[PDB]
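> Read off the chains here:
Number of protein chains: 2
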Amino acid sequence: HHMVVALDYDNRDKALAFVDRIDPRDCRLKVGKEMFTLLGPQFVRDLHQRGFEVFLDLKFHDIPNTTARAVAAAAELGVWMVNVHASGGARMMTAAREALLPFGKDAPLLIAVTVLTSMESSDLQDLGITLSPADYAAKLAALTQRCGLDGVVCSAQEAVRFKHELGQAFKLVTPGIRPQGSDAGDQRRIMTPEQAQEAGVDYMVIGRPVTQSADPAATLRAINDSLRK
Amino acid sequence: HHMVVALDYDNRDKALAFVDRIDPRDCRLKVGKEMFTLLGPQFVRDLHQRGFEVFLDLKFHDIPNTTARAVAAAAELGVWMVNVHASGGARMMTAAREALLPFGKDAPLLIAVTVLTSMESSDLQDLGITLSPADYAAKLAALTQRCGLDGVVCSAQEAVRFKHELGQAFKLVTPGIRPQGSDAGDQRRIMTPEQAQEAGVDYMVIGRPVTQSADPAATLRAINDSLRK
Ligand SMILES: O=c1ccn([C@@H]2O[C@H](COP(=O)(O)O)[C@@H](O)[C@H]2O)c(=O)[nH]1
Ligand SMILES: O=c1ccn([C@@H]2O[C@H](COP(=O)(O)O)[C@@H](O)[C@H]2O)c(=O)[nH]1
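One line per chain: the protein sequences are B and A, in this order.
For the first sequence, PDB author numbering begins at -2 and goes up steadily by one.
For the second sequence, PDB author numbering begins at -2 and goes up steadily by one.
Keep in mind that the hints were calculated from the coordinates and are not lab data.
Hints should not be assumed to be uniformly reliable.
If chains are identical, the list can't say which one is meant, so a pair holds when it fits in one copy or spans any two.
What the hints assert, rightly or not - In silico DMTMM-like pairs for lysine to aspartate or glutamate, Cα to Cα no more than 20 Å straight-line:
#	residue 1	residue 2
1	136	50
2	11	147
3	226	123
4	11	23
5	168	20
6	136	123
7	11	183
8	11	73
9	136	117
10	160	180
11	136	120
12	168	191
13	136	195
14	226	195
15	226	120
16	160	183
17	226	117
18	168	180
19	168	132
20	102	120
21	168	147
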């Protein structure tokens, strides 16, 4: 499947009120920094007990030793996917990949964030980066692949280029998904679900356009219908 | 006080075995990606119940909206200090500080990571960064100060420069503290505790040189005495 719904609530009951209205065939679920800081690993158990596979989206970005132990702790949790920041460096990503060797085929997918979907060219200029978001993401994606990771988090606007330069096997997870007529918010490098599918995206992450609608389950089912067709 | 001890255990009992042997007057405690991924916020509450102030070291690095809500979750947790990645950009750091406005003076200190103490020049060159770690950290620190944050995490090797360029009020938290004779590991920009004190650091983070000691409490007290005298 392709759809991943971001559970970005500030309340455990509110999140579970939505999850109890949907089915694991509808999507996988993403647990991010907000809900994990409030609830910790028990929330991952809450979703597993309900039959969902979980993308643990904590974007580990630390020294190699710390990043490796954090990724191993995520693997002990049994999640479907976990990610790191590619701008954490090659030694960091390699330590992360080696930390998953003890878990064999049960290890989670190991993804690296390239350039966050909220960052535009002016955002990177404050950091001294002169490359466009696409070019910098491309550089970070190639480094991630060369370090042996399974794929990258990127904007859907980079999918066609990444699939062609890095191959079909390298997995692309794209947030910054916005249907026609939904507020962009802090997102910048965006694409409709239909546009992201055409680009070759493997997994599309959607949050606020689903979780903040008058009927989140129907919105999610409506998007899935548009892509399955 | 200044000393902060990194709790980097893979088992809750092992960490509490050390914590039960020390007193809040000896140090504050740092909870990182590993222990938080294994135990979640309840572990921080356990430390508060024992009278310790906690530096929640999760290095939030995400889109502005997510980072702000994660920072708010940490403030709801009541921590003394919480950090973000300065390379997440100005909008993200600003969103994080604005997220703490509802908590008034009870807000945690908001710190930004510049260049990780494990990163040397060759590590940054894989990211297209041509500046030295000191120069690039200085650029990220300046952006952090202009975004209204309370300070940065940096190497102690940058303290004398940073205190002069960024001022006394901007707080410097430095890991990479290695008493002479002890292995550096994956740390690259390191200073002894006595050296970091002379440089003007506000808070020094020490991990493995205490926790892997056959007597961590006695080792910590010995370091504190060397800095006292
Ligand atoms: O480049 C990235 C990496 C991660 N996320 C995460 O993906 C989700 C997107 O949700 P939304 O912007 O659709 O509400 C959020 O959890 C956000 O933190 C992004 O938006 N962009
Ligand atoms: O630039 C940074 C920021 C944070 N830490 C954290 O500080 C601690 C350093 O402990 P140690 O390397 O002394 O064992 C670890 O928890 C690590 O994640 C660093 O080492 N360097």
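> So, against the hints stated earlier in the document, which numbers end up violated here?
Hints 1, 2, 3, 5, 7, 10, 13, 15, 16, 17, 18 and 20 contradicted; others consistent.
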